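Chemist: Using the sequences and the hints given, assemble the complete structure.
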Amino acid sequence: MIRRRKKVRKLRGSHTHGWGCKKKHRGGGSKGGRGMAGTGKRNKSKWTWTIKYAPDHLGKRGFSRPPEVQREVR
Amino acid sequence: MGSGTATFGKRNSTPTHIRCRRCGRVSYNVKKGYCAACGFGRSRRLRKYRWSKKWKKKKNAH
Amino acid sequence: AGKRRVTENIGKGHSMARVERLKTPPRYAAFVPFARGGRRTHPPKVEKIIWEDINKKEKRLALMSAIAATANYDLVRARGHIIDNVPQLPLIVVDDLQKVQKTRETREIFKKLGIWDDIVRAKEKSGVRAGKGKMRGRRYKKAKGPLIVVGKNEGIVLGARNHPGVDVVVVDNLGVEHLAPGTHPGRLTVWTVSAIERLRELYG
Amino acid sequence: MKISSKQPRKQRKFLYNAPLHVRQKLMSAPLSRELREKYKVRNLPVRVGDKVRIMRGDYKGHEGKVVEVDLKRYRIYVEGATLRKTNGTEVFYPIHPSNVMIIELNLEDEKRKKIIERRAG
RNA sequence: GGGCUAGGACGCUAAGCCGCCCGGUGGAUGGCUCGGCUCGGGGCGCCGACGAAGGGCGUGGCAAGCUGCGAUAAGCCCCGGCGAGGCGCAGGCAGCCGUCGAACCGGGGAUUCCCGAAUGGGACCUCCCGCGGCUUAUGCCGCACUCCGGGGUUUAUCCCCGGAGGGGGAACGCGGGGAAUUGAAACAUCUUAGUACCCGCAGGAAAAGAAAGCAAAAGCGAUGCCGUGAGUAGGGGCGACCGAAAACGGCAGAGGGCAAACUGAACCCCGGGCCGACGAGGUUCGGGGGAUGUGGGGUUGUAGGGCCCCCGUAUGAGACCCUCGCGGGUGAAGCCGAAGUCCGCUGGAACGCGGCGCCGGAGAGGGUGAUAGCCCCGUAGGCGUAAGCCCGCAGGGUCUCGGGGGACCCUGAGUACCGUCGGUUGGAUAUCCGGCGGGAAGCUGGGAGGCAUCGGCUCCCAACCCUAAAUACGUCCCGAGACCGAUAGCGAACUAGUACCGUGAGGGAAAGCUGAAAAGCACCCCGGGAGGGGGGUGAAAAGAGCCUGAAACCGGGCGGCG
RNA sequence: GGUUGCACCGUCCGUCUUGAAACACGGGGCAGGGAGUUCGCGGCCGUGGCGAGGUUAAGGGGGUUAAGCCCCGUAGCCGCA
RNA sequence: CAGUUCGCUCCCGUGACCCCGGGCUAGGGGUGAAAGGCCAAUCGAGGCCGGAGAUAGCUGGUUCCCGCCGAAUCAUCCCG
RNA sequence: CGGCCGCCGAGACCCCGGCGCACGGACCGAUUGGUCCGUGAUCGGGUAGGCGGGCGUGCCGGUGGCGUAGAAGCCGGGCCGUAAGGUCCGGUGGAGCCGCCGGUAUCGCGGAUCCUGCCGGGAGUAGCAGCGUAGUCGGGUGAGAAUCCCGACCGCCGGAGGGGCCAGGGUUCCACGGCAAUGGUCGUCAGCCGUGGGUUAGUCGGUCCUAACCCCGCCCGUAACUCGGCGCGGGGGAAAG
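Protein chains in written order, with PDB author numbering: chain BL, 1 to 74; chain Be, 1 to 62; chain BD, 52 to 255; chain BU, 1 to 121.
Since the hints were made in silico from the structure, they are not lab data.
Each residue gets a CB set at the ideal place from its N, CA and C atoms; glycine is no exception.
Treat each hint with caution, since some may be false.
Quick list of in silico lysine to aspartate or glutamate cross-link-like pairs, EDC-like style, CA-CA up to 20 Å [unchecked claim]:
| # | chain 1 | residue 1 | chain 2 | residue 2 |
| --- | --- | --- | --- | --- |
| 1 | BU | 6 | BD | 218 |
| 2 | BU | 51 | BU | 79 |
| 3 | BU | 2 | BD | 228 |
Not close to chain BD: a few residues of chain BU, all C-beta gaps over 12 Å, as computed [to be verified]:
| # | residue |
| --- | --- |
| 4 | 8 |
| 5 | 19 |
| 6 | 24 |
| 7 | 59 |
| 8 | 69 |
| 9 | 88 |
| 10 | 94 |
| 11 | 98 |
| 12 | 110 |
| 13 | 120 |
Modeler: Shown next as structure tokens:
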């Protein structure tokens with residue numbers, strides 16, 4: 001319905017095409033590392049994250065139930 | 001070897017590669033007794049590979 | 052494609068780009084979109100979208116909506132049907148019509164009802180299409196006209212598939228496509244007494 | 001609602017590619033109306049031993065004997081459907097059997113004769 | 001206007017600039033599409049020492065390629081099918097063949113070089129050789145690598161008869177060997193990943209498969225596969241990531257054989273005959289295999305397994321296999337199949353327009369001089385047969401069962417399990433598999449229920465074997481398209497895996513369009529002229545890579561400037 | 001409308017860049033080809049059905065030339081503390 | 001002329017010499033009177049194919065128009 | 001330098017008319033959108049970026065049109081649109097093609113030392129010279145002769161610019177007929193093009209032997225092999241021994 005090219009345009013001929021400086025569009029570096037990468041990083045990477053409460057801390061602590069011990073109730 | 005390529009090249013004169021008894025391509029190296037293409041002399045089998053080479057001609061043929 | 056064309060890099064030191072060609076000829080390669088013979092950029096995949104859900108509740112309401120449009124005069128003239136039997140929107144006829152399954156017999160009856168005139172419209176050609184794509188198929192074909200709903204005599208009438216632009220159905224197979232193709236409802240219908248009764252029972 | 005090739009390209013392939021024998025069914029031509037009713041045979045595969053009238057093209061109502069029927073070209077040569085050739089001779093004008101109607105037959109062969117009479121009508 | 005002087009004049013301004021027009025060049029654009037691509041439905045679902053796949057060389061009237069064949073050489077023969085022209089792509093010239101029925105299509109048969117797993121030995125696609133059969137000789141026919149099975153004999157292990165193996169295959173499948181770039185913004189564990197790549201091997205499907213299972217403890221009674229569980233449990237610098245199953249709903253459905261107990265040659269293979277429709281089956285006669293055990297019984301669970309009894313008690317009744325007449329359907333891809341080629345008009349030609357008229361259990365799609373329901377292939381409908389397949393109808397042959405009484409049958413070994421090192425996995429103490437060391441039990445027993453051990457409780461029998469079907473693929477056929485359309489789509493619409501490159505492994509293009517008909521340029525003028533110009537076609541910006549015929553750019557001309 | 005004379009103003013284009021007429025980088029000219037795409041998952045938005053529930057997936061019946069749509073399956077997911 | 005050539009000059013020129021044909025050794029390997037030289041116009045680790053569309057915070061490019069609003073080039077943290 | 005007066009001199013500011021935006025009011029529609037009026041002095045530059053409306057391309061469906069009395073396409077002109085782009089005429093061309101509405105994408109090109117294809121300037125320039133610097137007159141032939149042939153005359157070469165051969169090439173050999181192309185220029189010549197033809201072996205060599213060395217079976221290794229070294233047994237290895 002919006003033609004992406006219609007916005008991209010041949011239009012905007014921004015050519016940057018909603019990316020900014022030409023240098024920016026590239027590899028993993030813009031992203032800050034792949035994926036979830038950088039959450040863990042002590043070092044600057046992503047710390048804070050595109051999570052609202054930011055990132056919650058790492059060490060899932062606490063233990064597991066066997067599935068069997070869980071009666072379901074309703 | 002490097003440059004002076006004209007000065008060098010009097011061999012090739014001697015041949016080490018032919019029309020093969022098995023495949024018919026240009027690789028039955030008379031010296032080894034091995035066909036580079038087909039693998040005749042070396043193997044009972046035809047040379048064929050994942051990359052391939054042999055396969056590619058065959059698909060191309062299809 | 053693009054694995055049958057190997058691709059090798061032609062270096063620097065010669066005042067051209069570092070963009071790959073092929074060994075021996077300097078031609079078309081792979082891992083290019085700028086080149087002749089190169090990959091297209093974002094080729095069509097078999098994983099491409101091909102379904103759009105629409106709820107069972109939603110579809111039936113859509114069906115209802117297209118049949119209702121027929122009762123209206125304004126939609127009916129826009130749709131292009133030209134009717135000589137105006138107070139009879141849509142027209143219901145006695146149960147005997149369904150059993151007829153011969154082209155000559157179903158023809159005669161339409162002329163007498165005044166609804167043969169609509170088929171005359173459907174004869175006019177509306178699919179010798181513009182564009183090269185015609186070659187592959189879907190050219191030299193007719194156009195749409197009345198829809199006939201029956202209750203019985205199988206799932207189609209064996210003489211009414213003949214007539215131009217006429218599409219046959221039963222109430223146990225009726226879909227939006229037949230009732231209002233290209234999203235243009237108000238397509239005249241000719242009903243069978245048992246079909247109207249079974250549709251009364253609207254279910255889903 | 002029909003079984004069909006709705007591929008025009010595939011349909012072409014079948015016509016060009018076809019066996020020499022199957023081609024006989026394409027070289028058939030409609031019978032002049034009286035004969036067509038009488039035998040009750042709509043069409044029959046044309047011969048050189050028959051008489052024919054050329055019914056479409058510049059020649060219309062013109063008549064002649066079929067000299068050759070050539071299956072690979074898909075055209076036949078009729079007497080009096082001619083061109084004048086630039087040295088000084090009158091040569092046949094190839095035309096398709098679809099343009100043509102076979103006014104009289106000729107039966108001096110059993111294979112042809114057996115069909116026309118029996119299963120065809 | 002004449003003469004004289006002076007000012008300013010455009011008149012013939014090279015070189016050169018711009019705009020248009022004409023011609024040329026070039027091959028864009030549109031339209032054209034005997035090609036692809038992906039999907040779906042089926043088919044194909046293997047072949048080979050009875051010499052394959054792959055390759056080489058010949059083979060045509062003229063043959064350079066492609067295609068096909070093989071010295072009987074674009075083919076030979078039979079039968080059936082279509083049946084009246086053909087002589088592959090390939091329109092030439094010439095000649096030929098075919099009703100004692102071609103071309104063509106199907107089925108079967110003949111010939112099928114040399115190399116090749118290439119098997120007698122070696123080779124640079126050739127050559128040599130040891131036997132034996134046979135014709136007087138040349139000619140010609142059969143043979144000798146390596147297993148198993150059986151003989152022969154100086155038992156030289158030396159040779160003979162029988163059966164096999166190897167190699168290929170479009171992907172898929174099963175079992176082995178096994179990375180790194182990368183990710184973790186570094187990087188070693190981790191990740192990529194059991195991926196890429198490599199070895200062995202099988203089929204048309206594989207494998208798995210009738211619980212030493214499962215474990216909502218409740219409820220189930222083979223196994224694949226799909227959805228889902230679930231991005232869940234779980235693993236992990238506990239970082240990045242990694243990552244099930246049980247179960248459910250479905251699909252398709254199928255259960256069987258040994259070892260042993262107890263029997264112990266009752267047996268199998270080979271050849272010959274009789275009896276029998278020369279078949280199934282049964283009988284007999286000569287060898288070979290076989291107690292280191294052929295064969296009978298039996299198999300999760302034990303039935304007393306042995307020996308007993310009591311009653312139905314081989315009473316009774318299938319169930320399975322073979323033959324042969326008949327009938328039925330499928331199947332040589334072949335047949336049959338409705339209805340305008342009417343009038344007036346345009347045109348080179350109507351498949352157009354206008355006017356009239358027609359068929360339909362049937363207005364799909366090509367084609368034809370253009371745009372055709374009614375011109376031609378065809379269509380809804382029904383039908384055909386040799387081989388081959390399936391079924392019933394006449395016979396022959398084979399062939400089943402059920403309880404309690406004592407030790408219940410003994411009931412699978414380097415296995416189960418333990419300990420030590422890996423590999424791997426999600427597998428956690430609680431994966432799976434190997435290796436190294438140790439090592440059970442006699443159903444009076446063993447294993448399993450996600451740590452160890454002991455008790456209860458519930459389930460189930462590993463260490464022996466096989467398994468249809470449902471599920472993978474795209475070589476091939478058909479059908480399909482919100483796909484592409486010749487600088488695009490397959491490497492490749494064609495002379496393609498060609499030309500060509502590279503020692504080799506390997507790499508690899510470009511190249512589509514006459515016209516109604518070839519009428520493919522006669523005749524006439526000119527020209528050294530195979531070159532080129534005028535006249536000759538409905539129309540030659542239709543005149544020979546010939547539909548259209550752009551831009552860059554090049555000549556000339558027009559306007560303007562100069 | 002073409003072209004040209006005259007008046008006036010004007011140091012390409014694109015990109016790099018704080019600053020490009022540049023003695024920064026790229027381009028002979030023209031034609032064609034040429035770059036925000038697909039799946040999964042999450043967070044948003046608009047719009048539509050249904051309603052404390054809501055939706056089917058897998059599937060096979062059915063219909064069709066085929067197929068879509070139709071009606072049937074409700075496993076599971078999420079919501080309802 | 002030549003992707004390593006030409007002429008003059010110059011070194012060796014019975015030798016640890018030159019040369020032909022056959023044959024051997026293959027990529028972290030060979031070979032080296034040892035220069036990181038050489039192993040087929042490619043060598044401080046050959047070439048071919050595959051992984052592979054590696055990945056790069058880095059250079060270049062990213063194509064229709066119009067209307068409306070219209071920046072920051074700062075801060076904290078970060079093998080930054 | 002300290003005063004002063006009149007003027008000149010922006011797109012600013014004033015002023016007429018128009019246009020868009022924002023907001024209010026009304027109306028219109030089947031959705032999006034549109035129209036009419038009013039208010040704005042305090043609305044109108046613009047890169048990154050955000051949003052919003054339109055345009056165009058290919059194909060699909062419905063709908064509704066066009067075409068040999070001339071489609072698309074091509075070239076120049078006319079008209080409309082802020083514009084992206086639409087539309088009409090003339091020439092050319094000689095079969096297909098629009099509009100609307102709903103969809104969809106291998107959807108719009110000025111750059112990428114872009115990729116491919118075609119083309120101009122450079123140029124009628126450089127090269128066609130450098131090494132031991134070679135031709136020339138009559139005559140023959142032919143459409144065309146500096147470079148084809150015959151004679152004469154003048155030279156180079158002298159272990160080679162000559163003779164015989166191995167490898168290697170593969171018909172280049174030889175005859176006849178030619179010159180479009182090829183030959184560092186012409187060409188009647190040729191190694192090109194067309195068409196025919198030619199390599200004959202007891203006594204030459206191959207073939208035999210065996211070398212350095214190689215392969216095969218077997219034995220063995222390896223997870224295994226188209227892999228690997230030994231030991232046996234056989235077979236192969238010099239067109240300059």
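Chemist: A separate judgement is required for each hint: does it hold in the structure or not?
Modeler: Quick rundown of the hints versus the structure:
| no. | hint | result |
| --- | --- | --- |
| 1 | BU:6 <-> BD:218 | holds, 19 Å |
| 2 | BU:51 <-> BU:79 | holds, 10 Å |
| 3 | BU:2 <-> BD:228 | holds, 19 Å |
| 4 | 8 | violated, 6 Å |
| 5 | 19 | holds, 25 Å |
| 6 | 24 | holds, 27 Å |
| 7 | 59 | holds, 29 Å |
| 8 | 69 | holds, 30 Å |
| 9 | 88 | holds, 45 Å |
| 10 | 94 | holds, 27 Å |
| 11 | 98 | holds, 18 Å |
| 12 | 110 | holds, 40 Å |
| 13 | 120 | holds, 25 Å |
This entry does not satisfy hint 4, going by the numbered hints stated previously; all others are met.
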